[PDB]
Amino acid sequence: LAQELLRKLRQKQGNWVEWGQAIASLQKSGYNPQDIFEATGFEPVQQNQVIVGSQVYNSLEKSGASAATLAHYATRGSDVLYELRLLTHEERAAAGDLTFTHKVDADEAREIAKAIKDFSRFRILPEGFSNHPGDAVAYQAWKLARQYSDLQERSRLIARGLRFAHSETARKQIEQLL
Amino acid sequence: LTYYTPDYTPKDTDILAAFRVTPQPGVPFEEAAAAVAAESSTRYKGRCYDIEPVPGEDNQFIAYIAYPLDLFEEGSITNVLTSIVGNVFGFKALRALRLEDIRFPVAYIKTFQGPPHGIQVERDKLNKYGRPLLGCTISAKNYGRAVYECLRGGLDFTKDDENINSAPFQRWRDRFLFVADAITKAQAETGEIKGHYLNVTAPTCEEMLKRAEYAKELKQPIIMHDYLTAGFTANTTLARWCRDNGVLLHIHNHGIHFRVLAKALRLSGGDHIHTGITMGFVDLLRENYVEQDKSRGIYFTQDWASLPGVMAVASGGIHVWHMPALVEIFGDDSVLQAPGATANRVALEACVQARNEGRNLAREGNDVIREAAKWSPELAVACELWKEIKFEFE
Amino acid sequence: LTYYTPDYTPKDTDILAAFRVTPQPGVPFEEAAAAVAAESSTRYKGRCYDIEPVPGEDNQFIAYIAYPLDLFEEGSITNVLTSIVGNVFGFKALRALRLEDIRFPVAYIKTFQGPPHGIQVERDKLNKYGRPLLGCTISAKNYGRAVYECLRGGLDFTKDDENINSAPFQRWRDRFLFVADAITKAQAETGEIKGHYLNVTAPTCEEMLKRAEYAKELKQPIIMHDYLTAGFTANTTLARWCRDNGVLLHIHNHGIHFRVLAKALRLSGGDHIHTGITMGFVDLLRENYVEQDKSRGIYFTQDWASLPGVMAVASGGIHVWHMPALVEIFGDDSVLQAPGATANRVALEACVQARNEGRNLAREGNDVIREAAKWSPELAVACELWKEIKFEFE
Amino acid sequence: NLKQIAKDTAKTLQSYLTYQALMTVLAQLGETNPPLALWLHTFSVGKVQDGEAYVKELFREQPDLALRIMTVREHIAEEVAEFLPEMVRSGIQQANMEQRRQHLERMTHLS
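Protein chains in written order, with the entry's author numbering: chain O, 18 to 195; chain G, 23 to 64, 80 to 175, 182 to 295, 307 to 329, 341 to 402, 415 to 471; chain B, 23 to 64, 80 to 175, 182 to 295, 307 to 329, 341 to 402, 415 to 471; chain 6, 2 to 112.
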């Protein structure tokens, strides 16, 4: 009797991971996605963001995140957690905490998930940085700020460089720019 | 020597070029760059404002030339590519010369209309969402019978490539029907909508206007041709046949680098073009804003300022077993190239769910191909055909 | 209240408005401005970033609202004037509301094509260079006989103004010939080329397409109509009849100030429009760059970035004796309104040479009119008719 | 090209030179500290390639013996790796003499 997962959607019953998981039930019982929108108000383009989000949020509380991150990402903050899809199971919950505090938008957490991707693509840690994503986006913001030889152009990358840098050794590398 | 003023900041609205220059023996680095910015154009003159060198390579230096805004015609790629590098490749005082980059302003990008269809607009008639595409290259009836059985394995389209025009054994009209009659017998029998990409190349353009009005009468999907042996002038009479019809989007030491050729081709038009630096222009066709990465060939900074993206085509060859290596690098928004066609769709669809679990698809790619053999006999054959060649010589 | 973020600098590419607001009693200055920036539009929202007051006037404050770039359609004045002030004039929480200014970006100005003809392009068929122009307003034969003798005194054109359409006493066709037959008899007999500006106003536009194809067949000069009882939509079907023909350029407490209406009308089109603040928009129609003059109504800064200028029309009335007062203020590049017509050309042509000697034409203006009476009998009559009214009561 | 080759060759033989590093330590600790050789032999079997990125995993659990492996990259990589030039091309000429002979072995079989 899978029709009671048809009912909990046009009544607005639950929160967004509760719909993010009830879709993948119905996507394992022979459903064409095209006809899912006929009885429930979500086209599978819009369902696509909460499939992958609940495929992240089951990994967010798994990998040891804090309480307030697991409180607000139960209710709001949807498409940011769609953008952490290109990571692994081990570093998403480290970034779910970090992209909550700064209240970043869709496109900014797009590139933070890109910056932690290349910082973890490396076989080697670069100088003065650790495993935290606050060091990841402050490594790129310093690696791409060495190339300016001008003072009043690099502080666009130093204010953001002093916005994320997590350990104190990663704070000194930003301080050499000044 | 008023063509070299390094005491100058290039404005917010200037057009702005680079050049990886290599001069003859004894030729200084400061007069070869004034030999470029002056002989391009003729307050109406370009000025080489910077002279940065290149470390550990054959005597190159990076010349930053800044042309004004008004020097050029609004909405033209032929003008920009010709008033800049007209007779500048023709000097003997240089050993080589390449054109690595161009910054268009925000003010000049939005004169152009761009690609007709984007990362959003492509999914309307194309029934594929959130997963990349597939398509393989192919008398007259027997030619129609072969595409009749390639699309029946998972190929999202096929390719009438390798230059099949109307020869005396296989005319142009009797090839269109038999690969239109071969779509109507695979649309319903496979549950999806597929095209067969067909050449429109003719001697004239009046004949080319008949090889594209016959194709889509209301008959037929989105059907393309090239840019070589053709121009940004030849493919403007038919890329703007997509301004009525939505029908042609695939474009199939001493030079001009491809990322200049890719700025010229988004702004001209088309929805997915064929091709750190491999990652470089594929973050120009797809992104909105790109900050300056000198180790990627991206020497400038220009936001694209709300204009439709364009995807990429796989350009390495046959790839049947080397499937998860492409899925990470080109991402979601790209396009890739009947038992031999059913092995292609299965290896593509499998990896995408093992990415979304959180499994590191870079360090695990082959085992995802191996677990997909236990329900697919066409991947049982292919993995043995490809290469396991290694070295453990430590 | 996310529609008021004063912690924000408006970007290089934002669209940027002002408003001279006046609220009801007790209504704060910070919520009336969020009552404007929010109910205009609906990252896609305008934000009032500044709240500056007005000294010594009835409780006004200047609201600086910043809409994004992408919010609007490229090349449209109807959209910009409607998505901004659609239902914002319809509140009861304000006593008044005016729209004093708009900054268009550099990126959005050069989407538009602008006036077809400028301060340069007007001098091609118009045979007048470096000196302003002259033109006076006028059965069917007897109407043709009167313009037959106004242009024969120096009038560079004439005006079929005060709304003469086809009435049952004077039809539309039998007015065009008799003021075309009256140009062919004054072009050669006076040594210059003159037009007679004629109305094209019809009920339909299919009839208006016949009142403008008959006028210039190849018959006739540059011939205009209005903007009121008409739109930026009505005069787009015929201002782009100047994109083939070069033929229609003259445009003849609680509101919208004229300098908003003048940005809307250069960018739409036309070569000389009818109208510190009188000096204000006439340094917007004619200039390239204008820096912020808060005591002139020019509250913003935007370079026009290479787009054709547009001149001004004298708007005070009959001016026969008050000639050198207009020549300084509107300058060279403007337009002004048979014995009674020969007094007009003489008083204009005389002052211009006494400016170029170096004589201060402001503090000397009447004596230049008086010395031009000793070779012209038509200026002997006019200076006695006008006003010498003074007060020496010290 | 060749710089694609030569930079790939630079890391391969390096990882081979960091193996003779680990083997010199291996015979050394079979004489000084036989408990330390029996535990180094336990970690050695783990099938981990990339000798440069193999010593980094040694610093994770044992930051000290990974310096003695590194020590001979200055000391034993000078008596092994600078003798490579005069000792490749001699073997190339030998393979030009070992293998040209069997073109004659088929020819005598064809004789």
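One or more of the hints may lead you astray.
[What the hints assert, rightly or not] Below, in silico cross-link-like pairs of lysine-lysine (DSS-like), each with a Cα-Cα straight-line distance of 30 Å or less:
hint, chain 1, residue 1, chain 2, residue 2
1, 6, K12, G, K464
2, B, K184, B, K82
3, 6, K57, G, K262
4, O, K131, B, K162
5, G, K262, O, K134
6, O, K189, G, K359
7, B, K162, B, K33
8, G, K451, G, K165
[Stated by the list, open to error] From chain 6, some residues computed to sit far from chain G (all C-beta separations above 12 Å):
hint, residue
9, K48
10, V73
11, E75
[Said to hold, decoys possible] Covered stretches of chain G (in silico footprint by chain B; criterion: 3 or more residues with CB under 8 Å from a CB of chain B, positions within the stretch not fixed):
hint, segment
12, 100 to 113
13, 212 to 218
Honestly, the hints are just simulated from the structure, not real lab data. All residues carry an ideal CB built from backbone N, CA and C; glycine is no exception.
So, going through the hints one by one against the coordinates:
Simply put, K12 (chain 6) and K464 (chain G) have alpha-carbon atoms about 22 Å apart, close enough for the 30 Å limit, and the pair holds. As the CA atoms of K184 (chain B) and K82 (chain B) are separated by approximately 60 Å, the hinted pair breaks the 30 Å bound. Only pairs whose Cα atoms come within 30 Å are accepted, and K57 (chain 6) paired with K262 (chain G) is rejected, the gap being roughly 63 Å. At roughly 61 Å between alpha-carbon atoms, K131 (chain O) and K162 (chain B) are farther apart than 30 Å, so this suggested pair is violated.
Among the hinted pairs, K262 (chain G) with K134 (chain O) is inconsistent with the structure: their alpha-carbon atoms are about 45 Å apart, more than 30 Å. A C-alpha spacing of about 24 Å is found between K189 (chain O) and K359 (chain G), which places the hinted pair at or below 30 Å, so the restraint holds. As the CA atoms of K162 (chain B) and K33 (chain B) are separated by approximately 42 Å, the hinted pair breaks the 30 Å bound. Under the criterion of a C-alpha separation no larger than 30 Å, the hint pairing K451 (chain G) with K165 (chain G) is consistent with the structure, at around 26 Å.
Under the 12 Å C-beta cut-off, the non-interface status given to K48 (chain 6) relative to chain G is violated; the minimum distance is some 8 Å. The claim that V73 (chain 6) is not at the interface with chain G holds, since no C-beta of that chain comes within 12 Å of its own (minimum 15 Å). Against the 12 Å criterion, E75 (chain 6) stays outside the reach of chain G, whose nearest CB is about 20 Å from its own CB. Counting residues of the segment 100 to 113 of chain G whose CB lies closer than 8 Å to any CB of chain B gives 3, which reaches the minimum of 3, so the coverage claim holds.
Counting residues of the segment 212 to 218 of chain G whose CB falls under 8 Å from any CB of chain B gives 0; the rule of at least 3 is not met.
Checked against the numbered hints given earlier, this structure breaks hints 2, 3, 4, 5, 7, 9 and 13; the rest are met.
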